[PDB]
Amino acid sequence: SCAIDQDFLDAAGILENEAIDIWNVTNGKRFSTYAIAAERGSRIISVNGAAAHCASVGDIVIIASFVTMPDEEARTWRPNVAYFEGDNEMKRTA
Amino acid sequence: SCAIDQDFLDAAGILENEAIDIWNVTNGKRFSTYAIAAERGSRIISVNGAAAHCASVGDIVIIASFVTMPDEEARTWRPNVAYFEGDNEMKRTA
Amino acid sequence: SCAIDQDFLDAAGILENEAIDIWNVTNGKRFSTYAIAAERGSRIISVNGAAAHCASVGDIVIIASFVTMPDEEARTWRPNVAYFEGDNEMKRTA
Amino acid sequence: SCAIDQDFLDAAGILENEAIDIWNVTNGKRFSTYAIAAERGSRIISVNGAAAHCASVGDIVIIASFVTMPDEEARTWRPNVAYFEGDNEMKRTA
Amino acid sequence: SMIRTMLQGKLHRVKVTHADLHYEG
Amino acid sequence: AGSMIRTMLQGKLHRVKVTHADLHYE
Amino acid sequence: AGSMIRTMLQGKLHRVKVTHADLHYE
Amino acid sequence: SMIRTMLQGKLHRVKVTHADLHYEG
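Protein chains in written order, with the numbering used here: chain A, 368 to 461; chain B, 368 to 461; chain C, 368 to 461; chain D, 368 to 461; chain E, 439 to 463; chain F, 50 to 75; chain G, 50 to 75; chain H, 439 to 463.
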């Protein structure tokens, strides 16, 4: 799986047990898993089990989730985006 | 395709002919196929056809199925997890 | 894309413009594209554009499509399977 | 993420923030991301973040979006196709 | 409200007859 | 009506061992 | 009610050329 | 009846803090 600080899940609207895509900016690897909650305020991003083959400690990644809805709603849909730098410090927008 | 002991399918709530993801903990390979029922009590995990390129006898794998549901149901959803050790001996907890 | 003899599409219930998974038994490669109709009786399987990087003439492949439906219907669902040998000769079951 | 001239998005019926598949005809790489709108008339195709590992300036790509619909609607469905040549010059036909 | 992804159909062990990198369609 | 739909882990077999591999399955 | 749902090509940009690549996009 | 797949949300450029191959959960 991937364990993620609950504060980060809250900001991005990602649920525990939700399908997520992980896109590794460092090594270019792309894979799909599901989200686990890590302790609130821990700033943890932990790649667990088979996913440990696709990312190393220090790798920069983008974690995304996708939802379906009818075309009429999709035209005005607004994704939940959280921005980070340094040691998983979330930039002021939350 | 992947043939799985019907007892294991029951425990994980996976249906015959359902889409499954297989995550190979041993070699890091990740692939999508569908579930075939093997004889109840056989403890079979058989990787058939092209999937035999992605897993070998003795490899440790995670087999996952994903379902879609509205957000409210998703927020209290509890996945069906079966844990394994030894001779594909199933337990309810880790 | 992948162009497929309309007789084969008919047997497997695969539609023109439907998402398909191609699992290459020869080289182990796995990719997703969409189905195109080839001439009825031609027995053509043509890998077009970017997909030409993932299969060669003579490679043995499995072509699959997936649908969604509620759990209640999924429990009794019956896939449409066509079996082949030799030069794309469909075995008697259609 | 992939930034695309809004005119191109219009022609293919692709929405901003919609899931897209990118199939690289030049190098054979296949990946899934989401669409970002670029300025109308810019003729931009910009591969951003981790996706920059999968495509380079000058690479020829197919960008596809997939929708779900019931079988009856699927059987008469006509996809929105835009064809390109030269300086990302768009045409209705090949 | 639980929706399953199920195998619709498959062509089992067909052979690739043609490869067209420069396809326009 | 127009509900936003999530993709959720339904269930999993955690660390099961592969017992058979058959390239030529029919 | 319980309709079988297909995944269909909605549309495509056929043989467009990549104009920009930005690893460090924010 | 046309259903779209849309970006729900993303964490942009987080760093992996831990890798656990032998995770049991």
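Everything labelled a hint here was simulated from the structure, so no lab data went into it. Some hints could be false.
[As the list claims (entries may be wrong)] Covered, in the sense of this in silico footprint (three residues per stretch, anywhere, with C-beta under 8 Å from a C-beta of chain H), are these stretches of chain A:
| # | stretch |
| --- | --- |
| 1 | 377–391 |
| 2 | 394–403 |
| 3 | 406–415 |
| 4 | 447–458 |
[What the hints assert, rightly or not] Non-contacting residues of chain A with respect to chain B, defined by C-beta distances greater than 12 Å in every case (computed):
| # | residue |
| --- | --- |
| 5 | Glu439 |
| 6 | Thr443 |
| 7 | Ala461 |
[Unchecked claim] Cross-link-like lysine to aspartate or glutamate pairs, in silico, DMTMM-like; alpha carbons within 20 Å at most:
| # | chain 1 | residue 1 | chain 2 | residue 2 |
| --- | --- | --- | --- | --- |
| 8 | A | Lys396 | G | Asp71 |
| 9 | A | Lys396 | H | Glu462 |
| 10 | D | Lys396 | E | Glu462 |
| 11 | H | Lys453 | A | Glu406 |
| 12 | F | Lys66 | B | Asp377 |
| 13 | E | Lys453 | F | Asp71 |
Yeah, the Cβ is synthetic: ideal placement off N, Cα and C, and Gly gets one too.
Structure-based check of all given hints:
Counting residues of the stretch 377–391 of chain A whose C-beta sits closer than 8 Å to any C-beta of chain H gives 4, which meets the bar of three, so the coverage hint holds. A count of 1 residues in the stretch 394–403 of chain A with a Cβ less than 8 Å from any Cβ of chain H is obtained; the coverage claim is therefore unmet, three being the minimum. Residues of the stretch 406–415 of chain A with a Cβ under 8 Å from some Cβ of chain H number 6, which satisfies the need for three, so the listed coverage holds. Figure legend: the stretch 447–458 of chain A, annotated as covered by chain H; annotation consistent (8 residues with Cβ-Cβ distances under 8 Å, at least 3 required).
The Cβ of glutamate 439(A) sits about 17 Å from the closest Cβ of chain B, beyond the 12 Å cut-off, so the non-interface label holds. No beta-carbon of chain B is positioned within 12 Å of the beta-carbon of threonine 443(A); the least distance is around 17 Å. With a minimum CB-CB distance of about 19 Å to chain B, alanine 461(A) clears the 12 Å threshold, and the non-interface call stands. At roughly 16 Å between alpha-carbon atoms, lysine 396(A) and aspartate 71(G) fall within 20 Å of each other, so this suggested pair holds.
Annotation: proposed proximity of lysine 396(A) to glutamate 462(H) is violated, straight-line Cα distance about 24 Å (limit 20 Å). In summary, the hint linking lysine 396(D) to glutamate 462(E) is supported, as the alpha carbons are separated by about 19 Å, within the 20 Å threshold. Taking the CA atoms of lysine 453(H) and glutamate 406(A), the gap is about 16 Å. The hint holds against a cut of 20 Å. The suggested pairing of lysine 66(F) with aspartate 377(B) holds, with an alpha-carbon distance near 17 Å, which does not exceed 20 Å.
As the CA atoms of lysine 453(E) and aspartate 71(F) are separated by approximately 19 Å, the hinted pair is consistent with the 20 Å bound.
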